[PDB]
Amino acid sequence: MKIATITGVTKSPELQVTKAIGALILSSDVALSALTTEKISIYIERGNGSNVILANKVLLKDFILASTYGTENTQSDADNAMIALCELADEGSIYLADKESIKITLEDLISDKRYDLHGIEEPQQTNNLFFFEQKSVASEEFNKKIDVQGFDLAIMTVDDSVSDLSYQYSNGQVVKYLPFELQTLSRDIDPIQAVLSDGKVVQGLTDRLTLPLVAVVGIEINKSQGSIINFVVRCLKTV
Amino acid sequence: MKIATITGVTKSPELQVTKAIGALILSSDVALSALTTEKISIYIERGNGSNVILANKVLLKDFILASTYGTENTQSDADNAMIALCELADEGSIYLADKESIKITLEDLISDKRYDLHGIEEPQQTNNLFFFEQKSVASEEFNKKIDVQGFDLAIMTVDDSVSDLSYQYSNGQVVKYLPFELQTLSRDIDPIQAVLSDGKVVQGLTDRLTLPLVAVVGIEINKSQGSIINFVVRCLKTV
Amino acid sequence: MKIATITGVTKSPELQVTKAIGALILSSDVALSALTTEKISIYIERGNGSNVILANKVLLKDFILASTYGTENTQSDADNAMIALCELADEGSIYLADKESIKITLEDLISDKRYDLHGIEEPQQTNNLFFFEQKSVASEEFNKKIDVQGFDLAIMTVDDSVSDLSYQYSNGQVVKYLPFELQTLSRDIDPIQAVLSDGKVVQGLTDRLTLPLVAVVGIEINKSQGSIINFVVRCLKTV
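Protein chains in written order, with the authors' numbering: chain L, 1 to 239; chain J, 1 to 239; chain K, 1 to 239.
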């Protein structure tokens, strides 16, 4: 189904979906590397109760890269220069109750650009949903320790001020990596990140790095002053 | 082994193979998108009995796209601009009886083009074979219902007159899709469809769409007048 | 960790590693197809005992292609035109004893080129290691029979003088292939071999061919005079 087509206005209206969907399709005429500040927010609202927030002002690039990791990748077309498919459930669709509805909003758009939303529904229903969280490391701190237990993927902002990044595994061993080593390990699993319209392919962005977290309980980052490091994590859980 | 090399003549002679092969290799100097009307027909002939028809005047593009879906894709070379490998069995080769032989013919070729056939045989033998069937929707009908039970793949002609396409699953649920949604779902599984000689890659043809049918028993197509829609289906069965 | 950066000198010093690593990272500013005669040698030395040789003057191209076969492939970057990851163990790292150390050396380099080595370590430890062996067919012999039992991959030098290559399977069946058929079968499993910096991709080298050996005990090569054929084989075994 078709949800909305946004152009001209810098902010999108709160779009309400009553049909149980399972995935979202983002289409735009700008390249993946051209996204600067577009943000998305998706949440399921109940009736006489409290809302459930899956994404709260998450960057469009991070949202796209957190759902197209693996065999699949963001594609292109003659009309749309960027098409991405993002999963919201594990293997089915969201099971809506008597008074639930999905609500999607977009923030910080561009006046002379177009963005189209599509919904994908499948017969299977499931309760496992994806939750997105954000973590920040300031430009003044030297060493920062963060907890990533229970997560399976992460996206980190790439900068030249980052020196070392050390994992903490479930068995207690600690392994330290360089940014180049982390990038090589990331590209070892997913060689192609996106395909352009003319035919060229890109293996990754120049400012975002995807880290697959398997049996990782903590990450310690050592860097210097100058930039703020952003981490976006995704988890799967039952509501 | 080498079967035949055809050039100059618009029709190929009936080529007979007595060795138990397991796959076919098509090589040509034209691009995959440049194929217009080439047709192929493959059938196994018995002795004192009736023949078995696996492909009966199937389009070359459909035959190529129905066998190179997934991890593999059609490749290129310095000499040949299109190389494709098509499987005829499940995991082995055709078990020929006392008087069986394979026969392959080509129709509607081009005078100034070259087409080379190769055969691939493997030690394992199997009885499961692939059968190709064709279905048509006329340019006058608005809504058409077809049955695709027992099939695992389909190829549909792409046109701008198609409005909606609805699946019927084994559990009874009916889901309707748009052509754009179907194309996105198709490209989600197989990102790259072919690789050109210069280095560029193409994610799909401009007039053919591949649909993986899993637990699908019927397809209902709603469109307008103007074009004829062609469906090519492939099934696996024991003879 | 960082091992060494070599430039200006035609030979690299014997580099000693005391930390238990699990993989090697090769980075260079030359393209993969531009490698001509660079050779590598890696061996683990004990204390009061005999050394263990895993690679003894193996060509850089063969070493790279014998470890990047499958989903992964050699990548590129803005600074480095060739980045490759080569595994030395099965799923862990080498378990060093009380007096063991890894030693890596490079031979036949280029004066105006740069080569950087990196080490990758993971918490898991294992005893299964990879061993590389070389076989040669002279330019005078017509038919040569070689044994490849126990191996899972091979890399053969590509030349126009090779006529036929016949496998011998575990069940006794013998299947003969042409170089074109072998290349098509090789590209069927791994479509993309490397990705260039500008965006183009290459599906394989013009002088090296990768053969996946599954349940193969012998290979018989029939050719003519004119060139020397080189085979590089890799095996997994416990020390």
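By construction, these hints were calculated from the structure, which means they are not laboratory data. There could be a bad hint or two in this list.
Stated by the list, open to error - Which stretches of chain J does chain K cover? Using the computed rule of at least three CB atoms under 8 Å from a CB of chain K, they are: (1) 35-42; (2) 64-76; (3) 112-121.
Unchecked claim - Calculated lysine-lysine pairs in the DSS-like style (CA-CA distance at most 25 Å, straight line): (4) J:176 - J:57; (5) J:200 - J:135; (6) L:2 - J:200; (7) K:200 - L:61; (8) K:2 - J:19; (9) J:200 - L:200; (10) K:2 - L:176.
As the list claims (entries may be wrong) - Listed below are several chain K residues computed to face chain J (Cβ distance under 8 Å; list not exhaustive): (11) 144; (12) 169; (13) 173; (14) 182; (15) 184; (16) 186; (17) 201; (18) 203; (19) 207.
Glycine included, every Cβ here is placed at the ideal spot set by N, Cα and C.
To see whether the hints hold, each was checked on the structure:
no.: 1; hint: 35-42; verdict: violated (count 0)
no.: 2; hint: 64-76; verdict: holds (count 5)
no.: 3; hint: 112-121; verdict: holds (count 3)
no.: 4; hint: J:176 - J:57; verdict: violated, 32 Å
no.: 5; hint: J:200 - J:135; verdict: violated, 33 Å
no.: 6; hint: L:2 - J:200; verdict: violated, 32 Å
no.: 7; hint: K:200 - L:61; verdict: holds, 24 Å
no.: 8; hint: K:2 - J:19; verdict: violated, 56 Å
no.: 9; hint: J:200 - L:200; verdict: holds, 6 Å
no.: 10; hint: K:2 - L:176; verdict: holds, 12 Å
no.: 11; hint: 144; verdict: violated, 22 Å
no.: 12; hint: 169; verdict: holds, 5 Å
no.: 13; hint: 173; verdict: holds, 4 Å
no.: 14; hint: 182; verdict: violated, 10 Å
no.: 15; hint: 184; verdict: holds, 6 Å
no.: 16; hint: 186; verdict: violated, 10 Å
no.: 17; hint: 201; verdict: holds, 6 Å
no.: 18; hint: 203; verdict: holds, 6 Å
no.: 19; hint: 207; verdict: violated, 13 Å
Violated hints for the displayed structure, listed by number in ascending order: 1, 4, 5, 6, 8, 11, 14, 16 and 19.
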